[PDB]
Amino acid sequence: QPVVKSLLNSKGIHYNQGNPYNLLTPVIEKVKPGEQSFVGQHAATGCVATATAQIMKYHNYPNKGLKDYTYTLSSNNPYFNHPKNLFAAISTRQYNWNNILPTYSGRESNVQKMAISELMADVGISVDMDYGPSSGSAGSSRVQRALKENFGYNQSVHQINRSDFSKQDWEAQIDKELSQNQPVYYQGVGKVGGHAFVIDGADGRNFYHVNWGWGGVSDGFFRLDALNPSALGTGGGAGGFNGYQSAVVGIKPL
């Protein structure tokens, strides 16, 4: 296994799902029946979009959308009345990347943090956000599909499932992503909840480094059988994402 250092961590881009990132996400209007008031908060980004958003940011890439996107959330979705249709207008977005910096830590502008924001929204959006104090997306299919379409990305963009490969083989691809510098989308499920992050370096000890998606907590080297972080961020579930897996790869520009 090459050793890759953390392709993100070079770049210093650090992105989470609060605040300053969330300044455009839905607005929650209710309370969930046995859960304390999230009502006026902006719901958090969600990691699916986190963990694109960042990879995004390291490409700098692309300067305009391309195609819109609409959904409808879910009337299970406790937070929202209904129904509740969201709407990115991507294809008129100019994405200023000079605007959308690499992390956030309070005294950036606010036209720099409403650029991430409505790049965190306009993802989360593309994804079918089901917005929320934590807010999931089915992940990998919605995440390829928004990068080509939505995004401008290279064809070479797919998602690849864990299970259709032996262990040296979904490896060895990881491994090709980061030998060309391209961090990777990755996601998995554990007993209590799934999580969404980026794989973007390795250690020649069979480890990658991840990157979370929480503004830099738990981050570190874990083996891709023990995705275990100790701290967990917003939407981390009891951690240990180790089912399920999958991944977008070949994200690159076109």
Contents of the next structure:
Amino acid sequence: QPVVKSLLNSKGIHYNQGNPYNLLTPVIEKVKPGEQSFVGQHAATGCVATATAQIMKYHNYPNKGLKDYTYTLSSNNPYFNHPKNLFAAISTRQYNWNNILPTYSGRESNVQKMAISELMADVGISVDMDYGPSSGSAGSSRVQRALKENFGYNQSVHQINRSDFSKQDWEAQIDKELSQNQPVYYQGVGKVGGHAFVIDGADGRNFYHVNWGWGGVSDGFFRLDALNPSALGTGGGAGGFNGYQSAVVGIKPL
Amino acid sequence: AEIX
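In place of the form deposited without the partner chain, output the structure of the form deposited with the partner chain bound.
Full assembly next; the chain just shown is listed first.
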């Protein structure tokens, strides 16, 4: 395994799902019965959107969006009144990558905060985000389509599933991406839920550098069969994103 | 839509 220093850390890229990344996501409308109110707050951007946006910032691409996207929220979502349609006019977007900064401490201009919030909202819409206090998506299969069809990434973009490869061939694909300066979108599921994140480096000893999309919390080196950040889990036990794994590779501009 |  070659040694590759964290590609996103090298560029200062550290996004999250809350403010100021979520300033353009839908505003929660209803209290879910039995829960405390989140009414009037923006929904989380969704880990799938945060992982994808960090990769797009690594490339500063595209300058122009390619195709609009529309979808309808599941009628089972208790945070919104139904029906609820969401639309992102991506075909009209001119993203200014000088204003979509690599990270945000709070002192940035409103223009800079709105620039990253517009990217996060467009990416989230393009992956059919189920918005809420937490926000979920199907992930990889939607990410690969959105990157190519809505954002104009190369036809090299595609989903790979862990179950279709040996461990060696799986890791060799991850390593080839990293050798080409191409951070990898990655997800999995397990006993602390499902999550999406970015693989962006390697230490030569079969651990990979992971950016979890929580602003830096838990980022570090992990084996791909023990993607187990200590920031999750209540009660003291173990858990990680080790099942039903998939990735989106070949992520580079047209 | 369970990847969060």
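Positions refer to the first chain, counted from 1. In this text, rigid core is short for the largest set of C-alphas that superpose within 1.5 Å between two forms.
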request  = Indicate whether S246 shows a C-alpha shift of 2 Å or more between the two forms, with the rigid core used for the fit.
outcome  = no
inquiry  = At a 2 Å cut-off on C-alpha positions, does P20 qualify as shifted between the two forms after fitting the rigid core?
reply    = no
